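To begin, one chain is listed below as structure tokens, in the form deposited in one PDB entry.
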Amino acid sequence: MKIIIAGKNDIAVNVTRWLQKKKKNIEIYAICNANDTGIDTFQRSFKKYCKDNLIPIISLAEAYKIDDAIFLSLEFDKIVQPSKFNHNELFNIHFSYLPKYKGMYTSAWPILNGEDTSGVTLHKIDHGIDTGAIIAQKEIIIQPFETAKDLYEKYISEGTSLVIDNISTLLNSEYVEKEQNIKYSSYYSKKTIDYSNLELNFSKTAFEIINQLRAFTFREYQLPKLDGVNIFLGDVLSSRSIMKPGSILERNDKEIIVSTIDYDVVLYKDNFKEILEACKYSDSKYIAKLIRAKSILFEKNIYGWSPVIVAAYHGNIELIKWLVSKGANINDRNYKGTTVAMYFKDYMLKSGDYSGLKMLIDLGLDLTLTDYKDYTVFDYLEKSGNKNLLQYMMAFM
């Protein structure tokens, strides 16, 4: 009944928070990665979560001496001496389908290499990097429209789940170790991609080039650029410019068209900011005309505001309905964990118009959700003494 969670970001926090609610008797210790500066971004800080839940934050030296613990690495950044532990209960979540794509930038390389699938892998920590034996594995399908950001989010959801599904095997040490194949194993270092001098390579096929776009589309770090201008995805055209690859063929307000090894490509200029503004008040027929790629309906600005969030804070229900039919999350959250329902609560208070709630509820809105300060929409309504809207909302429970 002891566990050491060593790692970072949302998966570290999700697994930890699951444990606290569902196995309240377990003692939890944490180790944080070097560059966890204790501040939330588009990723939760695990250091911050741990300080706020009174989870003692230990070091690796101390971890070696805590004999009855299991040691769970959720993207931990430091090599560990597996034999130094007095037990063998040492696990790691790796964001790939091992033995492929060991190492770095696993939301990028599978896409770059034109993979259809990737995965998450729960394995033993061994003397190899990402090389210890497999315990549990999840194949993830990458969709042709999906970016690095989209795939990373799958890694988060699916890795969290993978841990939770297997948590008892781990806790009881009743799991089977199957050793990794050497065959088709791959590894990429941090040197494989220079994200500080990121340049698209057009001396490639059009298939490859779109796959670069997809792969490098991870807004919160960067977007790919063509001539100082951000791009959000692209498509293959039927034309084949004789121009040397890289040559810009046309240039207009919506796009750039380039010569590749084979088929020409359209790079769509990023209009995410325009779209998000429009979402305050535009109908879906107008918004649909603005979209050149589906994935952009689910992007977020620096606060974590998505199209569905903006639309909810402005009571733009007709648009919310459409967005959800395009696959948006009716319970989308910002980087404080603030839910769509919380944004709409604000619209309901500001407008006095409460009737739309049932519409959102029927779209899957969940009022029981808690933000990162652990407050529900009902809590906020009490703090602030808006008893009428509170009673109205309560009636749905």
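Positions refer to the first chain, counted from 1. Superpose the two forms; the largest set of C-alphas matching within 1.5 Å is the rigid core. Compared with the form deposited in another entry:
- Superposing the two forms on their core leaves just one of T205, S73, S259, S282 with a Cα displacement of at least 2 Å between the two forms, namely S282.
- After superposing the rigid core, the Cα of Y354 is displaced by 2 Å or more between the two forms.
- Shown in the overlay between the two forms, fitted on the rigid core, is a CA shift at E318 of 2 Å or greater.
- If you fit the rigid core between the two forms, you'll see the Cα of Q20 move by less than 2 angstroms.
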Second form
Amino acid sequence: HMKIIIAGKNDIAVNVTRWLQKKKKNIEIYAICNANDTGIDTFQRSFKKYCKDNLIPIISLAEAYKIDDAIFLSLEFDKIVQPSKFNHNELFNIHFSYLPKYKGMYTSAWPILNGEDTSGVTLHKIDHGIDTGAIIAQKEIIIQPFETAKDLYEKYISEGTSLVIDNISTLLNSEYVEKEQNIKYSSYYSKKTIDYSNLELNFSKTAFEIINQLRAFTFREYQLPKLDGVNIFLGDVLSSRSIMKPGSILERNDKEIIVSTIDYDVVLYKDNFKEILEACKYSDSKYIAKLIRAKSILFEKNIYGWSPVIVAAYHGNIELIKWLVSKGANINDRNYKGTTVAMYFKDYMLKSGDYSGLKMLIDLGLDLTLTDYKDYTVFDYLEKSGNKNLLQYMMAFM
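Now show the form deposited in another entry, given that the preceding structure was the form deposited in one PDB entry.
Here we give the lone chain, stripped of any partners or molecules.
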């Protein structure tokens, strides 16, 4: 009967909480929610919803301050805590950097902006200061040259979650070891350091720096970078070097804009994600390939969570799914309610009366055992619509 307060948001809060509920069923869990948590699952899960849907008490921070014999774990919590208000000193935080670097804000952007090759997540003690307390455990993260800030945020969430899981016992049982943070290389960025109201690309900068600006500001659900009004989804560095002043527009067609920089010219790729989603209903890979400038655009998602592979499956675009998956697409990709490819494919099967592509999907690793966020399999769904015939067909592949 230990107690834990989980304060925070997003898949990290939700996933730590379920690990706790799966593996530590006699703990008392209390929750604090971020101010801007809407109760609606988005590109991240709502932690507030998860808690309402799993009878987890939501409390205030003032309540939390009073609870005794509780550990306090912050997972992307929106508040600077006052440690001395607590009874105890068992206050912890995952921070999304390799501390002591990159204390504070926008750790998905700054390391990219500054040109880093790596970052990390850090488990540490909460003291009065911002991401300043003693370090318990850390993990280095490689940032790939092609990765955006959104790509990086996902690795923080994913790696942060495992870091917590792999140490939380020691937090609960006071087995853990801490070490004050170094002086050397400590760095911090406040909220003023980037104005997300007033983004503008700075072209009086190197090709490296401009691509890094792009990468760092590519996070579609907040924004994409813009050039003369029009959204951009990555780019590349050309071998030419224009005599025109940095920022000068050398060329502009339907796919791309070419620009002078301090050094090498760059091409900026027009965001054509919407066009591509639309095209993934019926078009073959030959066609989709011609639209593809940055390869990673194939794994983007609209507001519903629809990726290309998802829209493909819904329309029964089997050969397109073969190619998407060959390019890296998740065969069991999910929307923002956890609806799998298989579930989308099921509606196709049912509308069309054609079940013959299921084998070939299965052969690509499609998993029918998966549950959406209300714990329903694709089978449960066939039961509730009364399509027992298809349910029995699909069962053959288990």
